[PDB]
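**Q** As a plain string of letters, each chain reads:
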Amino acid sequence: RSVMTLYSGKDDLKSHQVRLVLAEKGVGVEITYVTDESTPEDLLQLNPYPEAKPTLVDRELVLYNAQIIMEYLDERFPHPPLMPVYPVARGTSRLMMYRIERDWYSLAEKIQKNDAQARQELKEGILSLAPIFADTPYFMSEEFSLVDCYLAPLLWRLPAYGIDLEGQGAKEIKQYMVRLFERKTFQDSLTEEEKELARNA
Amino acid sequence: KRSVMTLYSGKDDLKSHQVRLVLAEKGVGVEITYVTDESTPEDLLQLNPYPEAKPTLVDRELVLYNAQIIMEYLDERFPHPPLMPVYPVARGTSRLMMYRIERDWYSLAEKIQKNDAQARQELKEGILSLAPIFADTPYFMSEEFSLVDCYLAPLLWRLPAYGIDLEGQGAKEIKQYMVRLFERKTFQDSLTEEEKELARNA
Numbered sequence: 003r004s005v006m007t008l009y010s011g012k013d014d015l016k017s018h019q020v021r022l023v024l025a026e027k028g029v030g031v032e033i034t035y036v037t038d039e040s041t042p043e044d045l046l047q048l049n050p051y052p053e054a055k056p057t058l059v060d061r062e063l064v065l066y067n068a069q070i071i072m073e074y075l076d077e078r079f080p081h082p083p084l085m086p087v088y089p090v091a092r093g094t095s096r097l098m099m100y101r102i103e104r105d106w107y108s109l110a111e112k113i114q115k116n117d118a119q120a121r122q123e124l125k126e127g128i129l130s131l132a133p134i135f136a137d138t139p140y141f142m143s144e145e146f147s148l149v150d151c152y153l154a155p156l157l158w159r160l161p162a163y164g165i166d167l168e169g170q171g172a173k174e175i176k177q178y179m180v181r182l183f184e185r186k187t188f189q190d191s192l193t194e195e196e197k198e199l200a201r202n203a
Numbered sequence: 017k018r019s020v021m022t023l024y025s026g027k028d029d030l031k032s033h034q035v036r037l038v039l040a041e042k043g044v045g046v047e048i049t050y051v052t053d054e055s056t057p058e059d060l061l062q063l064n065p066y067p068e069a070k071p072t073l074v075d076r077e078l079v080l081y082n083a084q085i086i087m088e089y090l091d092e093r094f095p096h097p098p099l100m101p102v103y104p105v106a107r108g109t110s111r112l113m114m115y116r117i118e119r120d121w122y123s124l125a126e127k128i129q130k131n132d133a134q135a136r137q138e139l140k141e142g143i144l145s146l147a148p149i150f151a152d153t154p155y156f157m158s159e160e161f162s163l164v165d166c167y168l169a170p171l172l173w174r175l176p177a178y179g180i181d182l183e184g185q186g187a188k189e190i191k192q193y194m195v196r197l198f199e200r201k202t203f204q205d206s207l208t209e210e211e212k213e214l215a216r217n218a
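Heads up: the sequence lines are chains A and B, in that order.
For the first sequence, the working numbering begins at 3 and goes up steadily by one.
For the second sequence, the working numbering begins at 17 and goes up steadily by one.
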């Protein structure tokens, strides 16, 4: 068909981002799910790197790296805007996205290997964001953006990460989580595997 | 407080040279504070929380690190001349090529400056295999000078210092692109004295 193909993980944190963005753009995509057990021959030629998900294929153009995909989707499908307009705000947005992947997505990898230092570090970091959400309903923005597409998959996996939010700042973050998860686009972007993380853990 | 942007650049740093090239291409003037691994200033220490804290651009209350972030900021805040394509598909390709240069080649250049002899050959084998694309276009997958060339110009300049010489077939196209790249007045203006000294002493 004349429709984009997405090679996605079933439980992958970065594949969930792309799926959330495609839902926010309202675009229909053919999703082929890939496991660590077996990575398809089609994807094997299209993606040269060990980590193969997410990969978006469209006509001639093949793209990997999740932020490259997310920025392409925002440039190809402008409505609704998931990035700010002015270059200063766009710089800050990109920088926050960089620091979320470097400081927190890395911690989560360790938390899946049951690191308790990383678990405490991520909880402390998440709770420190509380004074942002007393200013703006979303991350440093009045409107939902791509930075919220970094935080939403991460904060969804918080019971599975063994993280329970209490103390000062919990009320503010939990409200932000409500604004994030109650979105129809978020609920539609969930795989059954991703849905099973909440109601079991 | 000062009404001009401040770049915290390295003297021989690869990613600092990218940012310096882009600022030269945009024609915008900047107070450049040079930093060594020996000592990093109190100002820079407060704004950047990472071990490797160069390049760092500081503008009013906005601090930016990561070279690709800074380079994209500069292209968006200073539109003339455009160093990125207009259409979304071309922009995605450019970003992917910029991603692969840093993942595949810039990683080898880290290993060369340490010890590695294998990384020297791997970078040589990488560049010479990409030689047919330079026959197609005057710049890397582009008819005009883009940010992809801003990834290649710090790399190919240091090619005598890496110990890689133009070898066999394909190297005619590489050197012709290199001479097209290095003879830009923006490139020569972006070079530090340390970076100039790599050319003559190797």
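The hints are simulated quantities; they were obtained by calculation from the structure and are not laboratory data.
There could be a bad hint or two in this list.
Said to hold, decoys possible - Here are the computed distance ranges between Cβ atoms for each label pair:
#1 A:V87 x B:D205: 51 to 59 Å
#2 A:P42 x B:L61: 42 to 50 Å
#3 B:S19 x A:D105: 41 to 49 Å
#4 A:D105 x B:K27: 52 to 60 Å
#5 B:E47 x A:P52: 35 to 43 Å
#6 A:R61 x B:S19: 25 to 33 Å
#7 B:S145 x A:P83: 36 to 44 Å
As the list claims (entries may be wrong) - Cross-link-like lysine-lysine pairs, in silico, DSS-like; alpha carbons within 30 Å at most:
#8 B:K127 x B:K212
#9 A:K112 x A:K125
#10 A:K112 x B:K130
#11 A:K12 x A:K197
#12 A:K112 x B:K127
#13 B:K130 x B:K17
Note that CB positions come from ideal geometry on N, CA and C, so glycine has one too.
**Q** For the range 42 to 50 Å, tell me whether the beta carbons of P42 of chain A and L61 of chain B fit it or not.
**A** Hint holds: Cβ distance 47 Å, inside 42 to 50 Å.
**Q** Within 51 to 59 Å or not, the Cβ separation of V87 of chain A and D205 of chain B?
**A** violated (32 Å)
**Q** In this structure, is the beta-carbon distance linking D105 of chain A and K27 of chain B contained in 52 to 60 Å?
**A** Distance hint for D105 of chain A, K27 of chain B is violated at roughly 28 Å.
**Q** Take the C-alpha atoms of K12 of chain A and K197 of chain A, compute the straight-line distance between them, and say whether it is at most 30 Å.
**A** Measuring from Cα to Cα gives roughly 11 Å; hence the hint holds.
**Q** Mind checking the alpha carbons of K130 of chain B and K17 of chain B for me, to see if they're no more than 30 Å apart?
**A** Roughly 39 Å separates the two Cα atoms, so the pair is violated.
**Q** For a C-alpha distance cap of 30 Å, please report whether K112 of chain A and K127 of chain B respect it.
**A** holds (27 Å)
**Q** A range of 35 to 43 Å was offered for this pair. Does it hold for the Cβ distance of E47 of chain B and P52 of chain A?
**A** Given a distance of about 42 Å, which is inside 35 to 43 Å, the answer is holds.
**Q** Can the restraint linking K127 of chain B and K212 of chain B be considered satisfied, given a maximum Cα separation of 30 Å?
**A** Given pair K127 of chain B, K212 of chain B holds - Cα atoms ~22 Å apart, limit 30 Å.
**Q** Quick one: are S145 of chain B and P83 of chain A within 36 to 44 Å, going by C-beta?
**A** Between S145 of chain B and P83 of chain A, where Cβ atoms are some 40 Å apart, the hint holds.
**Q** Does 41 to 49 Å hold as the CB distance between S19 of chain B and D105 of chain A, or does it fail?
**A** Given a distance of about 32 Å, which is not inside 41 to 49 Å, the answer is violated.
**Q** Quick one, are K112 of chain A and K130 of chain B close enough, alpha carbons at most 30 Å?
**A** holds (29 Å)
**Q** Take a look at whether the Cβ-Cβ distance between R61 of chain A and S19 of chain B falls inside 25 to 33 Å.
**A** violated (47 Å)
Hint check: violations occur at hints 1, 3, 4, 6 and 13; the rest are consistent with the structure.
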